[PDB]
Structure formats: C-alpha cells, structure tokens
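**Q** Single-letter residue listing:
2 protein chains.
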Amino acid sequence: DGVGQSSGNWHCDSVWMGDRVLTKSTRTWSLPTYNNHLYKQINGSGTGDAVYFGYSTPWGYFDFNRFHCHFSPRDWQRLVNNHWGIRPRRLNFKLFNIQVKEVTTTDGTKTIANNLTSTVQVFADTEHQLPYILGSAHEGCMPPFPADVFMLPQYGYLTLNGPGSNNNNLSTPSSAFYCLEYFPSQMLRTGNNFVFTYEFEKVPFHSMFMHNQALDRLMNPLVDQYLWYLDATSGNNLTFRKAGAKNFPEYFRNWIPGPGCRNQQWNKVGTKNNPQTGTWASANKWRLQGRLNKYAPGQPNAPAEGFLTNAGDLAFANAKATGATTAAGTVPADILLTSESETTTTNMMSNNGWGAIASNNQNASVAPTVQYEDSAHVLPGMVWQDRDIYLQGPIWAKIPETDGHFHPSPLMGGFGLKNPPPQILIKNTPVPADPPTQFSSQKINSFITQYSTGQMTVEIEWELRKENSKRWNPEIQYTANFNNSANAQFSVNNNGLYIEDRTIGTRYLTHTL
Amino acid sequence: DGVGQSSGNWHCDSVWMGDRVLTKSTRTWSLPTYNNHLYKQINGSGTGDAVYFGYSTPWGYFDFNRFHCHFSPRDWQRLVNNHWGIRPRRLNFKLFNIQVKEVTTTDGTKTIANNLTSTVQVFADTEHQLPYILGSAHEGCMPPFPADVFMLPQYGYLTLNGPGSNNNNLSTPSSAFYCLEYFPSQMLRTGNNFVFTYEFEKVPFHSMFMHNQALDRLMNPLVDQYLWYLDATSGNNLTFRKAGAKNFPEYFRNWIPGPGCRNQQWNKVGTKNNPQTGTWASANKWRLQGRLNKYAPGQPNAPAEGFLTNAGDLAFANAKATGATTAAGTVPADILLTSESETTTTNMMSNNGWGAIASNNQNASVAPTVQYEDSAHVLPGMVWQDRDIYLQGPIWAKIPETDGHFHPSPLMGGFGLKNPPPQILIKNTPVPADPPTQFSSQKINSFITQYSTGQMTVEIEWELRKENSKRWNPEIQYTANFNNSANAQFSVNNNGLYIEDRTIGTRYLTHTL
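Order-wise, the sequence lines are chains P and B.
Take the position in the first sequence, starting the count at 1, then add 208; the result is the number in full-length UniProt numbering.
Take the position in the second sequence, starting the count at 1, then add 208; the result is the number in full-length UniProt numbering.
Next up, chain P with everything else stripped away, as it sits in the complex:
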C-alpha cells in the first residue's frame, strides 16, 4: 500500500519435490510509449510473396514462452538426465513495484523525473478474443540470465489482404480491426499490483528418451519366422523361401517408418558446397493463396552425418551475434545448430526418398521395374517421433481452431494447446499536455513523454515422468566440456555478457522401442 511500502518480493528458484518441479523467475522490464498512443495500419507494397495488411498497436506484451526463461542450465541438466518426460500443469503470474517516470528535454539535455500519480493499465485475454501472436517464436522474451533488464515488445497483428489492381495489399471487407481499449483492463498506480493464475489442460508427456532399437531391427535374431514369400521365379516354376536365417530385409514387420519428404542438403564444409547467392530458389516450399512460402521446419527428418538443411531444423545464436547475418568457412561459432539424428531409428532421413514401388505390370517378355518415392504421407500402421524441445526453444503454441487437424503438435516442437496461456497486454495511460484556453474539438496531439518499469514473476508447476530402466550398462548423459577454457561455460565473460555455448536437447536416456 501507499508510495512508501513495496508491493512484492523477489522470487527466483527451483524446487524439486518428487515427480513435481516448481520454477520461479523474476525479471525487470521497461515499457516505452509506442506509436505516440496511436493505432496505425501497416501494409506492404506491390505484388509478391510477402504482402500484408495489419495494424500496429500502442500496447506491449509480456512473453515468457521460451524454455530457458524458466530453467537454469544446471536445472536443465538435472532434468534431462534423470527423467523420461515433462509436461506443464499450472502457472502463476504477477506484476509489482510499478513505477512511472516522465522525461523532459530542455535544450538538448534530458531530465528524468518520477510521476507518482501516473498509471499503467494491463489485462490478460482469457477467452483468446484477440489475434494470438505467441507461439510464433518472436523475440522479446524474458532473458536467460536473471540479471538482465529487457524492454517489452510492441503488440501488433496482421489480417486478410486483397487483390487490388497492381496491389495485393488492399484490405478486404473481412479485415478485422481490434481496439484493445474495448477490453476491460486494470489501471495500476505505483502501489498496487497485478496477478492471475492459469491451469493447463491435460497433454501427453514430451518423450525425453532416445530409442533403444530400430524398427526394422525389432525381432528375435535367434529364430526364423514362420512366414513364407516368393523369392525366385526362374525355371518356369514358383519358388517360395522361408523368412529367416539372419536375412533381415526379408522379414515381415508390423510397423513402418514415419512420414517425410526430401530436403536439399548442404555440407558443413564450405568448399564442397555449390556457390548459390541465396537458398530461396532451392528450398522446400508450400504455397497458400497463390504465394509461395518456405517449408520450415519439416517433419523431424535427420540429414546425413556432416550435412545440414535450409531451415530444416532449428538454429540459434549467441548474444555475441548482433545484426542479421554471420558467415564463416564452416558453421559459425555463434550459430547454435540442433540435430534430430536421435530420431533416425523411426523417422525418415532427408538424404533420399522413402522407398521404392512397382513401376509396371509384367509378362514373360517384359522385365519388372520399380520407381522411387521421394515423398511420403501418413499411412495406417506407421510410427514416428516428434521434434525435440530444446533449452532455447518455444514451450507451446495455439492449435488454430479449424474443422480438422492431424496430430496437432507444433512443427517447431512444443505442446499444442487448445486453450494456451492468455496473452498479457500493458500500456502507459496517456497524459495530455496543457490544453489551449479556447475550446477546440480536434484530437489532442501532444502528450507528456513518459515510460514505466517494474518487475514481473512467473511460477510454473511442471509434471514429470520417473525413469525406471533395468539396462545393465551406463548411458549417455549431458556433461560439461572437458577442456580448460578462457571463459567458463554458460557464464559471463570479462565484459559482463552472458553466453550460451551450445543448445541442449532433452533426449539422452534411452528407452526400448
């Protein structure tokens, strides 16, 4: 209460109790005033694959979505080595210690004061009535490292566009315009605070295990099958062979490898690659409304060893990389690659097609031939693994409401949700400057320049699956690198900059297929 007493305390920790783990995190945020308190439509130019119609909004939004917001690199190691699965359960959100500050510029110098009576106004959208921009893997999340202070991103959305003469950017009768002040928000001065709770609906555990067997390798090698097939037509008579005696390709099997499609493969060594000034021409693409879009990422189809793909798998970067690009003779040291090769026991590899198939009918005078299938799709009796969740990856996504969807899991990995966590939106309440004495009906153009800052917290209850495995011998686990390095891993440098040295997937411990 009041100006003098604080509205909250700092909670950042992790609590491991039985099969539950409970993470708490707090950060300090800074909110500017976007668009001078205005809504503005934004649109592209001309015809092309990138054309858009939308609205930029004088609001800002908290995004905690990404994993390592909630986990320290030790808690992640501790999590992925000991357990076969994780899913979220509950979350708890709070804002406190709001303080609003005003800026004044005399000549060329700034003087920042503190306005005690100014407010900010915040609301969460529980019914998902606004366009949902989370789960799209944007920037502007809580930083990895608790001592960083970050600036909240601006909120905006974009909507249907339409075919004008030379312009596909022309709005359509159904383009929606949402005013966020038509929501019943909550106005907060410096003393009072904001809170709400949320509960996840049941989802399946994410599998933290790598398989112990290939599909084609599921059998007893010591005894042959009782099934018979036609091996040899020669000699004007049919010859049936019995499946067995250590010839694996011939066995009958109940299950078949998962779906996928080929993807162009680019060697990590730079000298062997073909010198293309862009990879857009060679990418896998899908098209919607007459315009083509890169297909990324595909199904978790691993490439060949020593190769990679164009946006086929996720990739990250350090804090050392600023700007839009980096380059090196091999994959740059700032780039953090991910690899799905743990899934090659079930999922299809990207370096060649799915299989062959019968090309033609035969007779005595024509030879049988076969043709190769480059792509595959879902068939009955077929199994696959979903893409892995990383420490730097997104936690969830919103399943779009549609008349149908198949295996609704995000292609970037995550937990697909019908009712995801509500977006949280915040704004600085506009304070006008001194009005004129004579009345004028026009809008107020000029306001008092001000910004706000405070602290937030996120507390998520995670459910996790125990690991019971009777394998004798030891398993691969995540360990720190063994070299003496100038900078300790997952730690600041001399200049004070926090650095993630590499991505960490959750699949180490094995499991029988």
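Source of the hints: derived by calculation from the structure; they are not laboratory data.
Some hints could be false.
The list treats identical chains as interchangeable, and a pair is accepted whether it falls inside one copy or across any two copies.
Unchecked claim - Capping the alpha-carbon separation at 20 Å, the derived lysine to any residue pairs in SDA-like fashion look like this:
hint, residue 1, residue 2
1, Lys232, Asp283
2, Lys309, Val211
3, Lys232, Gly452
4, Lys528, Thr319
5, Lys309, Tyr659
6, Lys232, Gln394
7, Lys606, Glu550
8, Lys476, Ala491
9, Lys651, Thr530
10, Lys318, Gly452
11, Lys302, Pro638
12, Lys502, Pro465
13, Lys493, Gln394
14, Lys528, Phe647
15, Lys318, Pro361
16, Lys606, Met620
Since the structure of chain P is provided, determine the placement of chain B on it from the hints.
**A** Using the frame of chain P, we list chain B on its own:
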C-alpha cells in the same frame, strides 16, 4: 485512497443478455481553466436576426449525449439487424484517477509539474435549475473511438435580450444571471472519486422497422368495397359508381398521410443546380420575436430520389474535414448524408404539396375547379413516422416546460424527456499567486496556471424489443461494403486517424403497417 493507489479501473465493453443490453465506455479528458476563473457576459452587436445576450462561465461539462459514444460499429450492426426497438433505462457515471498539473514558463519554455494538493470541484444538477444546453447537438462529446483523448468544452448560456435604440442586444430586466458556485459542489483531490446514478422515465420504443405497406395500399385487392360514390354527373342525371375493380385511387380509406410542408430541393449533381451564393434566401424559415430562423430540420419529409434539401435532414462529416466548409462537384466525400426515404410509405414527400382541395362552388354554367395545398398540419385520423436515430446522432433532448406541447419528440430525432440526465459541471479550483505584504482589498488578479485530467466512464442499461416476424423471404440488413479498399471501414488509416465511412440508420427490418 492516498496518492499511491488508484481510484478505479478501465471498463469498456458491451453485454447482450436477453432483451437488455448494457454498454460501458471510458475516455481520458483534459480540462483547462476558462476565462481566468471569471464570469463574463457576452453579447452581439447591432440589429439583425442573430443578436444575443448571455454569460460565459469558468466551468466545463461532460457531454456523452451522442449515440456512437456508447456503441461500436459492430454493436450497432448487431443491434439494428436483430431488433425492432430500443429505449434507455438506467445510466451510471463515474470520475476517477483525477490528477492536477501546474504550468510554469521561464523565458519561452514551459515546464509542467504535478500538484498533489490541488483540487477540482464537480456537481451534477439533478433538479435542472441551470439553463440546459444539452440536447442542442453541440460538439465536445466523448469521441467515437476509445483511444482518443479529448478536451472538455466550456459551459455557457444566453438569455433574453431587449430593444435598445439601435441595439437589440441590450439586457432585459428579466435576464437571469446564474452563479454556479451557489450550488453545493464536491471538491476532489487526486485520490478520491465521483459517482452518481440515474434512471430514465418510461418512454416509447424507437421503431427500428421500415413499413411493409403503403397507407393507400392497405386493402384486399381481390374483392371490391361495398361503398358507392358519384363518378359521373353527365347526362342531366347522377351516376353512382361502386368502389372496386382494381381502381385504387377511388377506394375509401380510414387513414391519411402525415403532416409536412414543401422544401426547396437541390440536385446532387452540381451542374443542374441554380448558382446561388447562399441558400439562406431560399430556405424554409420560422420567425420568433421579429427575427427569422431557418426551419431545420422539418418533419421527416423525404425529398425526391437524387435530390436533397437545405438543412432538411441531418448531415455529418469525417475527421478529415476541419474548418467550416467543404466543396465538390457532387456531395463531398467527407459529408455523410442521411435519408428518410424509408418513411415515404406514411410521411409526405417534400417535392410537392400535400394534395388538392375544392376551389369554388359550381352551377350548370361554371366548371368545378381545385387548388393545391402546399402545406399541411395535424388533422384527426392521420399517421406519421418520427425521424430516425443514427449512430452519430443525439440520443435525447429536454422537453421545454410549457403549458402545451404536441407529440413531443425532438425534430432531430431522439427521446424527448421531461427529466433528462443531469448536466455535469466541473472546474479547476483557483489557486492564487503570492499576495503582497501590505493589505489590498481589490480582487486577486493573478493565479497559478494549472490544468487537470483524468478518466470518466458511462454505463447505460438499454431495453430493446424482440423481433417476431413470419415473412418467408429474407430481409435487407446492414453489411460492410464489398469492395477491397485501401483502408478497412470504420478503422484507422496509416496516419492513425479514425474514420466513420458513412452514417447508419436503424431501420432495415420491416414490419406490417
């Protein structure tokens, strides 16, 4: 309470429950100090049609009167397509988050500070003891779009004037002077807030329906009437004809079309019109106290198709039109016309007179003649429609207290009320500058320059009439335009300016006459 905690929250929404609809709206307002805390009389000059005597007041007033303050264009569409009527019931008013700021000018620069101990003082006039300036369709209302910030208008009134020698502006012994500080107002610092409630007296629903039949067309076409009339005098004998056999003009009818008068009609095409540098000479006028006044708007008499009248019907403008005038070869794109043509089934059209009448007595040697009636008035057994309410139009008006009034509905459309919603008046309490040390009995000339701002809310409970109609075929309804446009309708542009593209009346669904 206190400086640190907020006095309210943001409520803007709409709730449709059964036959009630409940709208909430909030805006941010800015109040200057008018007239340097002084009352001033204001008066015209010389003799003429515009002459006045009145007082300008150091007060300001909230006006929510106009419709679209309370309804979004989707809520309006949703309202007018589904329902046959609407009337208000209750309203609830609040002010909160008051904050007062002081201005200081050193050399040529302004520095705005925040005075925590300053007050504003507000009251509502429940007994209607002040002159009532609402319902006169002035500016200074809540903006349509919730993100706009507006400045409160100044309060003032004007009173009886009198015939001086060359001056009709001379005050009269009965000219009233009202001091608004002689009211028991309420003084509010930044922490405390203001509220009151109000309840409308029973009024008839506004009819949202267009008629399904003309008056003259009410009958069964398949059977003739049993009534007889004199068709033909020729042949030295009287000939009675029986009304029927599909001759409609001859039928007897119980009801007759509504009152009105002719009005000069101006084609929308500019080339066909007569080049008058003003329309005042040609307007319909009524005169009071020897001075002439335009008669606007008249009774809802529709003009011809493709024609309009001089202030015969309401007209609005965009936010794009600033200044006192706009011009184009046809009706400008900023001007928003309204049309009463939905009422032509009952009400009289403006393009010609009401009917004919017998000119003279006859004999064998003189022919019967008739003369044309340009104007009409109220007669027994006559029916009419009242002017429609638009989205941009005024909601109510105060029926002036008089010994008689007929069909008291506002000629601009609305709900005439004996006891309308109370005016709300607000002022910055004057704070004097440093007084001299030696006593002086004169008034304090110099004050501390300051202004105030805050938020308001208006919550109105609307009652509405269900629609039960058994007509087979579909009906006209309000729909968005079908063209792809550069800017979506009822939405901001690139520059951030909200635009109403056209007026919307409430009459779409039909009803039997």
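**Q** All hints are to be evaluated individually against the structure, with a verdict given for each.
**A** Quick rundown of the hints versus the structure:
1. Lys232 / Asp283: Within one copy only: 12 Å inside, 42 Å across.
2. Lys309 / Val211: both (14 Å within a copy, 15 Å between copies)
3. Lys232 / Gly452: Answer is neither: 57 Å inside a copy and 78 Å across each miss the 20 Å cutoff.
4. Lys528 / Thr319: Intra 32 Å, inter 37 Å, cutoff 20 Å: neither.
5. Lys309 / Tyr659: both (5 Å within a copy, 18 Å between copies)
6. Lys232 / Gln394: Answer is between; shortest inter-copy Cα gap is 14 Å, intra-copy 24 Å.
7. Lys606 / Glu550: neither (27 Å within a copy, 48 Å between copies)
8. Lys476 / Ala491: Within one copy only: 17 Å inside, 58 Å across.
9. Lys651 / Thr530: between (40 Å within a copy, 11 Å between copies)
10. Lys318 / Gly452: Result: close neither inside a copy nor across copies, 84 Å intra and 90 Å inter.
11. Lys302 / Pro638: between (23 Å within a copy, 19 Å between copies)
12. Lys502 / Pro465: neither (25 Å within a copy, 68 Å between copies)
13. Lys493 / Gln394: neither (44 Å within a copy, 53 Å between copies)
14. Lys528 / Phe647: Answer is between; shortest inter-copy Cα gap is 19 Å, intra-copy 55 Å.
15. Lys318 / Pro361: neither (24 Å within a copy, 32 Å between copies)
16. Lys606 / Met620: The answer is within: 12 Å in one copy meets 20 Å, while 50 Å across copies does not.
Going down the numbered hints, you'll see the structure goes against 3, 4, 7, 10, 12, 13, 15, while the others check out.
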